[PDB]
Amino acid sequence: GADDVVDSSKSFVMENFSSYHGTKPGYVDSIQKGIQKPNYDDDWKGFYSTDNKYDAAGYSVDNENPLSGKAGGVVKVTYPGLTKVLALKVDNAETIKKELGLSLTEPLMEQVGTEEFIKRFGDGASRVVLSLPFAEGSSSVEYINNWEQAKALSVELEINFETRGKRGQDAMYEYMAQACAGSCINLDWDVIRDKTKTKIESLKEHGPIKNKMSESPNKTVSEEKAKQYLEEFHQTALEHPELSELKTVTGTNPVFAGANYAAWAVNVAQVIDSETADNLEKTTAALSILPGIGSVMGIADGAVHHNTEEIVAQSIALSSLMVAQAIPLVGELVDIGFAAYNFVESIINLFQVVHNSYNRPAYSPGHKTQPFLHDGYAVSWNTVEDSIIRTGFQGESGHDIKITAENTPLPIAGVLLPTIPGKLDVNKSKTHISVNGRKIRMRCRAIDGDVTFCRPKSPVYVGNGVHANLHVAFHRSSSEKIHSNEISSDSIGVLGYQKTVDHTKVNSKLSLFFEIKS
């Protein structure tokens, strides 16, 4: 059954099939002459490319020093004549060979290169290239070329990061930022490096800073008393004119509090030692497994708040001055050289990794199967289809929402359902919540014509070991499709316990966003 493993919708033949390849450093010039060959699944031996040059870029780092090496480049490889791209529904070679009726006793990619396979599944092309979804959470695909067929490729250079001779991996990430800059963080790290250096020296030569630097006990102390110094040093340091903009964007969000920079400074001091502090790979390595970084990065609530070269520089500068105060209080090394040197370099690298994550497309909390985590609860659509509300027909549809809580028993007061009378109304009887098997019916009631409210008949609690599934049933009386202007809200509001938000008693709202389709 070829229809069982080959996704024909995504399979096709084209003239001059082109793709991209991430080229490690030192291989940029050599690869521009031809594709040449040098696991537990011998079947996938082959040359790998991708339909996305930006993803391809990601693969241009030293496999030796993966965290903080230098970048190589990206090349565009093209096949002359016709090439068949056979997209696959699975990545299990054994299962593929069975369903495709092949030699179960030989590697898969080698059979993909034989004329027998190129004849049968080739639909005309000179060679075949396997195509599998790049990864979970992406639209890009991964092209697996047969080693033999791949010598036929024509390599042309697209970008060369090493050629830009830029610090760390700046060139590489500057390139990837283009993906969205056609949120979208497109920063100039050179500028950020400049501003940071300038500010670190300015802070050091500031009266109050020096003044506070003296109040430092300067020898190892308990981390409880250390934080208190750093927090005070923080408040003081943040007063400096150079850091004016940080003082402002920082005063509101708790994540960005001085206590947070303080605990961060201490964490760093505790894990870096003379050995580590000397090596860039080793440092970045230690730093990357520490919590509280969003505090210095200005990342919280699904957003990168430190969106400018100016603020980014100010945050790193402050973090570096703090780390320098922290080292003698609980560290064990050459007290400061690290803070303005390696620490800045590693941290800059981590910022770049996280910024890259936010620039990439993604589903927000409550969308598709992504959980929405709020006030101790964790809700999400059972499946992607559940998040999709179809229209243009008369009839029912049901929607499952997984709900649970982190620990102690938390209530579920009821649920708010957006409605469009005639095209989308709540089926009051096919709608319920089941808590650990207990199917509990709900008392629904159209508050407005815009929203119905359903409340469980018997109390509903969720927690560690107590999960529930809310089943929203919709009914359509008109076979006319819902029109955009009609959509007054695109989410289902599950209500938790009663809290006090800005002086008003309201219930915790956990949102499950949906999409109207068909």
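In this text, rigid core is short for the largest set of C-alphas that superpose within 1.5 Å between two forms. Residue numbers count along the first chain shown, from 1. First, how it differs from the form deposited in another entry.
- Fit the rigid core and compare the CA positions between these two forms: of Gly302, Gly422, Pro291, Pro208, just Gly422 moves by 2 angstroms or more.
- Core-superposed comparison between these two forms: the C-alpha position of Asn16 differs by less than 2 Å.
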Second form
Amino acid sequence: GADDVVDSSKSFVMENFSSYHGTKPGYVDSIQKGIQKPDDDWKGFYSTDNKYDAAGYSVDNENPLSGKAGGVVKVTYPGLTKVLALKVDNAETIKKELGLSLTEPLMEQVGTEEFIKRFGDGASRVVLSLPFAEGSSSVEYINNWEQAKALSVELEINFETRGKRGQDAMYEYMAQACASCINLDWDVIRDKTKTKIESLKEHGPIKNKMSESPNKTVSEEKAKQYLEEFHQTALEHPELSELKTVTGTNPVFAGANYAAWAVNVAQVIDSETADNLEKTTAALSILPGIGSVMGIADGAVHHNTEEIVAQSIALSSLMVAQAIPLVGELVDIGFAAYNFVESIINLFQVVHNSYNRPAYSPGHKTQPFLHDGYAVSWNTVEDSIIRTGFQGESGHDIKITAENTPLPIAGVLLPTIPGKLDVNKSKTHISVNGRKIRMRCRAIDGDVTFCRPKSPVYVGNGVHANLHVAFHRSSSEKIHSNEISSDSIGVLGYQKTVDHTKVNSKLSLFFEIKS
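I have the form deposited in one PDB entry already, so could you send the form deposited in another entry?
There are no partners or other molecules in what follows, just the one chain.
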């Protein structure tokens, strides 16, 4: 009953149990006067244990994208509060398993004396606990509206009082979460951006380059052509010197990408959109290629300095202005320097926040490694863990497929500890659409066993494989932090005779040793 829906390991009675609530502009002051009710099973006051998670619930409901953020308040229950952690979020299952009345709203029942007597363990009330979200270690608290009347409300922060532009106050606060960490000063970036734009517009070669602008609707291919030369010319400016160095190698940061982005923007911004930050943001947010200007690629935010960020934004701003008359419909005039910059700043902040949050990189846990047309991932989280300290076997499933045409899997490289952790050659195989292919595994240079499929393996649209790696433990001795050669399994795809040195496509699955 209660075992099916309640997580005892994670429930607890606490004195002065505190949590956080994010609220909208206009209510930061009135909410500190008291919590009050402004499916039914879930009608309740919502808080979280994470204040920066609370912050995300503070944006003006009618302008969720660019709107103003209100604040975060701390709500404390005096006395003893019982946090009942739930293993399911289906209310009928909860009411049933907890033997509750299958009719009255779950939350309504949570605030009854009987319910508090039964699962409160002496606490004055009960607050439901649920995981905040997939990919979050935060929890979500669900307070019964009546019991919530006992909450003491204190202010955490009022983003509006910080008097900063856009959602700068909210994002810089959340950034406090990680003290890597992208902790940028947007006031500094906002100011450098304006200065740079100014210096660029008022610039000999740039103004000269502008002269040659067809300054009339031209074809898209000609637009990009002009834009790529403009970009090249603009990057010579002393103000964009660092950006010239940082964007020199990675192809994602090339001029063609800036030009591509610039024309794409100029194309979707009509006059009414441009005269609205919310409308600009919604328009820009669905465009591809924003990574070229943000300097984000290969899993890293490369433009992580106020100086380089401001040069990148100033650069695309100038180009959007050039692109508007060639492939647009409005007066680039303000847009490029006004809402374009305001909207893009906001988007950077959204993406920087994502990378500041703890997340699994490709090939880790059940997160896919996408590369060369292939998609590989550990079938389950348990699969990605190699347990140690016992004599025995273990199996590990790795899912494999390719996007379209049939691509080969040459085999798989596995890290070992010869004697302690070995490949179990008889249980290691790969099934392609069910055809269980046996593998010829051989120890190679450097504590790695290379296993090859006995027959050809190809994956693609409609064709998938399950790589089942079996390992053998010769002793109970725990593998130690030096023992295994590496922390990944390497699935090898096709062979490319590139760099005059033939090599395979490598698809890595990262593991952790435990127990």
